[PDB]
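So the chains spell out like this:
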Amino acid sequence: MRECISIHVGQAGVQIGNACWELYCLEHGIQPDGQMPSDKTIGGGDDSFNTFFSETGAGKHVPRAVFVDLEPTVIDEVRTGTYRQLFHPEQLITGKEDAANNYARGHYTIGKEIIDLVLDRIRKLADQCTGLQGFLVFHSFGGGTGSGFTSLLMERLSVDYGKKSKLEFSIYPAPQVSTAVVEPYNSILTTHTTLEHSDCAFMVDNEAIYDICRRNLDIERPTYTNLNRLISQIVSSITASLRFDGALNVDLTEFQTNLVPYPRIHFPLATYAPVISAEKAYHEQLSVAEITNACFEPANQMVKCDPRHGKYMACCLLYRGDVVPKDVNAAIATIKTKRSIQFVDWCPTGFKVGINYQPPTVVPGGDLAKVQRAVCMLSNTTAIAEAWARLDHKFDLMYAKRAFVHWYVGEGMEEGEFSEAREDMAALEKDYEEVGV
Amino acid sequence: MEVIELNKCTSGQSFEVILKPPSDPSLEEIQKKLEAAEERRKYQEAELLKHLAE
Amino acid sequence: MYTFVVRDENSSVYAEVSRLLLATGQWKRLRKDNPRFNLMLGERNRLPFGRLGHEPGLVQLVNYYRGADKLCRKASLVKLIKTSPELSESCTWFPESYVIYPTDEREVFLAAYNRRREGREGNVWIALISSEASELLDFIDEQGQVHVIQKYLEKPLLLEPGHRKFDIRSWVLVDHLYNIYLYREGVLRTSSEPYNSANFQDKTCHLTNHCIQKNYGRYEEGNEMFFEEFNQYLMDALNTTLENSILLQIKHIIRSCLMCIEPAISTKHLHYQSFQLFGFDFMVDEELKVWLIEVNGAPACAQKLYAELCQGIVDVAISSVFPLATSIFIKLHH
Amino acid sequence: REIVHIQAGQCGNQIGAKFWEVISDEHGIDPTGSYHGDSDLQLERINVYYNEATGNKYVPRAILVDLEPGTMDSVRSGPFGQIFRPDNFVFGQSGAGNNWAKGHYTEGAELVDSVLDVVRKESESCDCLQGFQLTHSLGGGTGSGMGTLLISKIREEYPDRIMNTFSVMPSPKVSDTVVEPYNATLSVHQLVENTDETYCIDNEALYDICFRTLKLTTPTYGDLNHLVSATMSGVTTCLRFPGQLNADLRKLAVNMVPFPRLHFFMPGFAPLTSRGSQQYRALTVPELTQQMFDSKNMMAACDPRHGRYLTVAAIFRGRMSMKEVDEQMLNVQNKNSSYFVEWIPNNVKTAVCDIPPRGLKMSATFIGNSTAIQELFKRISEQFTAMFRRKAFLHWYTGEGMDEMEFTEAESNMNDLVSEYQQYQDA
Ligand SMILES: Nc1nc2c(ncn2[C@@H]2O[C@H](COP(=O)(O)OP(=O)(O)OP(=O)(O)O)[C@@H](O)[C@H]2O)c(=O)[nH]1
Ligand SMILES: Nc1ncnc2c1ncn2[C@@H]1O[C@H](COP(=O)(O)OP(=O)(O)CP(=O)(O)O)[C@@H](O)[C@H]1O
Ligand SMILES: COc1cc([C@@H]2c3cc4c(cc3[C@@H](O)[C@H]3COC(=O)[C@H]23)OCO4)cc(OC)c1O
Ligand SMILES: Nc1nc2c(ncn2[C@@H]2O[C@H](COP(=O)(O)OP(=O)(O)O)[C@@H](O)[C@H]2O)c(=O)[nH]1
Ligand SMILES: [Ca+2]
Ligand SMILES: [Mg+2]
Ligand SMILES: [Mg+2]
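Residue numbers (the authors' numbering), protein chains in the order written: chain A, 1 to 437; chain E, 6 to 28, 44 to 74; chain F, 1 to 103, 126 to 149, 161 to 247, 252 to 362, 372 to 380; chain B, 2 to 428.
Same shape as in the complex, but just chain A:
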């Protein structure tokens, strides 16, 4: 058994972390006080769920996770939340003042006065690991903390944990739920600095999650709660292989192996189905073929784009519930003859499939209905680059006039880093082009 440490940075990271670890507890039958009855190895053990939970002699199961935010507001609700007993104080780090939606303020200014503390609190978890795999880092692109401090952290982890992998769960900015006009700056800036320090990053466009919550859950105005409880289901699907018995994606290295042939291009597109409303009176349960066919519908993707006009480098299907290989292969065969699925010439056209007979757990009183079978497709398609194009365009519009640049320069950053980051993004868009067309 090898351990995984989850790091939640900024508001988005923390609040999503709350959604995930809440869901994790329900899936593993762990109670808010950290007690797990089904665990007969009291005080320890090397089970699959121990990848995410360490154990105390008192029989408490605590998340191998750290929460960090340059503002105490959000994490303070974790300290007093329902799962307050779950974490211990040393896991919840808070600053005095936030990065004010400023990458440079979160990275250079305030980042410098707390980075050593965080790494120390992280080192305290790593010391409790027998064989640390790596880290799962949850954050946002738009936030000053989520963008600024994350990149700095990712840089140091590559120094202190050179042999360890590092996966990302990043929130791509969307105007429907924006918190700043300069989020495009923070997004480009953090991507550039983090790119070489990330092995596999799962982007989630809030725009995509927002419309899914409106279209399928009939929520007129999705709250962060509505967005997070849905994202947590996706994260759960991706991390289930690390928390349960299986042979597919059993460790972090296998993510890069199965989804990331080219290092820089490490942004797999996620597609989840089905999303059904809890207060939907009458629902006809969907079949393996129906849910699998929905994995190729752009309306179900974590990022809105068109895989048809791109090329696949890899593709994983992660089922949960009543599913058997026979029905899966039958579904794939049908879909292949109906949809456009082009793989790059230097990759085999196929699908790595993972099934967990336990259907997807739902938060009691949540917005999601229980289903008999669900699926999450992780496809590394060059079509995701449309998101970079969108973002880089918004970046170019503002930077041409050097708007808002003075706020960053005032924090000790150089105006050159803007162009340096944008150039790296220009190279990234090209790498996607060469592979895609």
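These are calculated hints, taken from the structure and not from any lab test. Treat each hint with caution, since some may be false.
[Unchecked claim] Taking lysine-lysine pairs in the BS3-like style, the calculated list, with each CA pair at most 25 Å apart, reads:
| no. | chain 1 | residue 1 | chain 2 | residue 2 |
| --- | --- | --- | --- | --- |
| 1 | E | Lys62 | A | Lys96 |
| 2 | A | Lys338 | F | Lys305 |
| 3 | A | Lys338 | F | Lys70 |
| 4 | B | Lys362 | B | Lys379 |
| 5 | E | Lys25 | F | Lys70 |
| 6 | E | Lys70 | B | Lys154 |
| 7 | E | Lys52 | A | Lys163 |
| 8 | F | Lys82 | A | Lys401 |
| 9 | F | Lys247 | F | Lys236 |
| 10 | F | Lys305 | A | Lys311 |
| 11 | B | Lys324 | A | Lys280 |
| 12 | F | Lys82 | F | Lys184 |
| 13 | F | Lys236 | F | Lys74 |
| 14 | F | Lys305 | A | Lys336 |
| 15 | A | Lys112 | E | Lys53 |
Keeping the supplied structure of chain A fixed, place chains E, F and B with the ligands upon it in accordance with the hints.
Below, chains E, F and B with the ligands alone, put in the same frame as chain A:
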């Protein structure tokens, strides 16, 4: 068509299906970047307090 | 009050469309780089489809289908027909063609060139037009770009009086629901100089482009015969109609080509929607058998038909999505 | 994140006292300083403006300043006069006689250190001071002269704290003296340099609204302040209450100010109402949106169609369909996209608060960084030049040690500020 690497267990099972075959900076440098930016902040604040002194 | 933008100034068709829209007093034109638009009359190259459908509170529409270049490029059209079971190699309305790269399927082309020579039948091809394979391969490598070799229809239908060659242009509109609308008015781009069977060097009676011809304007105005006259000629000279002898095949080829690529370009469940005007070029042999020549993704219209067609586009492609405060199209059902 | 309030001069103290009167009611605080509300939404972020004492007494973190005791005595005998910490009353006796030089160089310099001692005392109590907000006029002597002096000295001692200001602009329509253009031009020169955020509260606008819209035949300073306290309550809403987004004075500056000097905002409000006269009909969301963007609702006498919006922040107060708010706000931008700069994507952000202001079921406050604001400064510049070309009334200033060159510099910098706003109107 071709199903391979079938691995079954109690929790579930996994496999692979093929339809068609194919055809870092150091700690020194980091501390240097953070301190360099801190100097620029100090210089800016000094110019301000010098301007305010006038 | 809807809004739109223009990013293709050279578009004679949509220059008229933008004019008609403003004339309704319910459409407001914006600058090129204004993202807050309902409609986009995009450019021909590097159209940013990636930035469409990401504006909250805006239903966005564009006058182009992403991936439709696979049908509107000669090298792509051949590949599309040969690799698509729906069309297949056995399809009878497309001339025998091959893709050739300069120094690919060159070896395959010569295998068929032998049957024509070792059969003593018609063996003339086109990229220039020649009966010698060596003269053609030497021409492609001397140009630079990728060219397509295609069987030349040595026995074309010839208009009388004149003994003239011609090609038919059909304007098709595909809306956001992928309804295929054939414009009832087509046009014959005719040659004024009589077709010469022996001398292929003279490319003025072999090629029927409106630019090359411009005996221009001897028989009809501007080397353009419309359907009413051509229909009358067929009745008088061949005892048949345009509908029967030709138009059925045209409606079949058009319906076939677009149904083929529908799953690859359809914007049914997308975040943005697409429509597009196409220009199909057809060729008719002496046995009244229609052949597909090529498809134009950015077609121009005939002067007489601009007013009616452009108005038509607004009605079924634009106003259908953005309604305001008998039909000139033939719906090819499927 | 505590905010330290300062109010200087006659105008500054009268709008400042009215401000605390209004929001105290919104937070359920009585003149005694005791809480008597019904919602916990009132106390969740009340620390931003109020200090807490034993027995759960809430004291404004405000500092009252003036060079004459006249106006401050009226405050202390006013409705919520007793709520203010009596030690925060710092005043002189000589006044400033509507002279910028007196407030900035001679009379005010003699009192400024006393004020900064109170500022320091409050600041040291703050868990994490985010900045200061100042209320004052620019046409007078104290609030205009000494106010800008305080700002300069506050920046010196707290250079990494935000400086916000509610600056009342002078107008001949509502004039005390003829030297108001001088005092204003001198003050704007300071505000361009030493503030991150300035709400331009133009008296010309406040008069036109009372006269034209509210049909008040002869408006008073009381009528003008009903509009000010309504605007001040509105813009500070997302600072005082918890919500989807929670605002602070720094995040405010970052997203509203694309360039450091261009930080002069146009406040707006809807529905426009006069004192006493209650309205029975609540406005529909489409009406709140249309009105708040209308020039007739702007607190700065500027035609927004004569310029382009760099950034916009809107706050809707009351119980309403936040979906409908979203649609209407998006409808405005989509209908009039020409008046929003294209080189700042998504420069309009909206927020909603459940608690409405007193006397209204729902309202909408507007904050716009428009290039049309140049019309305001160009107006002051013309009135300035008309006298300065003859050196009229300049002896009041030169008698206090000032030189003509200092006027020429202030004039030049404001004309620059105008041209800068003009630069991005044609981008
Ligand atoms: N899906 C989702 N997105 C969120 C959530 N919270 C914030 N965001 C997004 O995060 C982006 C801004 O980053 P934040 O996380 O809010 O800011 P931060 O990381 O705390 O950094 P600071 O500026 O220092 O506060 C916005 O675009 C939001 O849409 C959340 O709970 N769920
Ligand atoms: N394989 C063939 N057999 C007989 N004629 C052919 C032919 N290929 C091309 N042509 C003749 O080709 C002339 C010019 O080529 P084509 O029509 O494809 O124009 P481009 O100029 O090639 C397309 P367009 O001008 O419509 O944009 C055709 O209009 C017709 O005169
Ligand atoms: C107390 O005053 C307020 C301040 C803010 C600002 C603000 C202003 C913008 C913008 C984004 C943001 C965003 O980054 C906010 C986060 O928190 C803030 O302070 C910020 O785009 C153009 O104009 C917003 C308010 O409501 C909408 C408000 O009422
Ligand atoms: N809105 C408003 N403006 C005022 C008020 N009192 C004075 N003013 C304006 O401020 C200017 C006079 O400045 P004043 O405040 O009297 O100077 P000070 O007291 O010495 O700082 C004039 O242009 C007035 O229009 C007031 O109560 N409300
Ligand atoms: Ca155990
Ligand atoms: Mg934050
Ligand atoms: Mg006065």
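Outcome of the hint check:
1. E:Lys62 to A:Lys96: Distance ~21 Å between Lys62 (chain E) and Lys96 (chain A) Cα, so the pair holds.
2. A:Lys338 to F:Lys305: Holds, at about 15 Å.
3. A:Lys338 to F:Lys70: At roughly 18 Å apart (the allowed maximum being 25 Å), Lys70 (chain F) and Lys338 (chain A) satisfy the hint.
4. B:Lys362 to B:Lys379: violated, 38 Å
5. E:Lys25 to F:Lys70: holds, 23 Å
6. E:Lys70 to B:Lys154: Roughly 13 Å between the alpha carbons, so the hint for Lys70 (chain E) and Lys154 (chain B) holds.
7. E:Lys52 to A:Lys163: Holds - the C-alpha atoms of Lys163 (chain A) and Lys52 (chain E) are around 23 Å apart, at most 25 Å.
8. F:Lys82 to A:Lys401: violated, 51 Å
9. F:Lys247 to F:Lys236: holds, 13 Å
10. F:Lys305 to A:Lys311: Roughly 21 Å separates the two Cα atoms, so the pair holds.
11. B:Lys324 to A:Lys280: Given pair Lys324 (chain B), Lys280 (chain A) holds - Cα atoms ~22 Å apart, limit 25 Å.
12. F:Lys82 to F:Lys184: holds, 15 Å
13. F:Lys236 to F:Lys74: holds, 20 Å
14. F:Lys305 to A:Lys336: holds, 19 Å
15. A:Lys112 to E:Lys53: Answer holds: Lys112 (chain A) to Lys53 (chain E) is near 10 Å, not above 25 Å.
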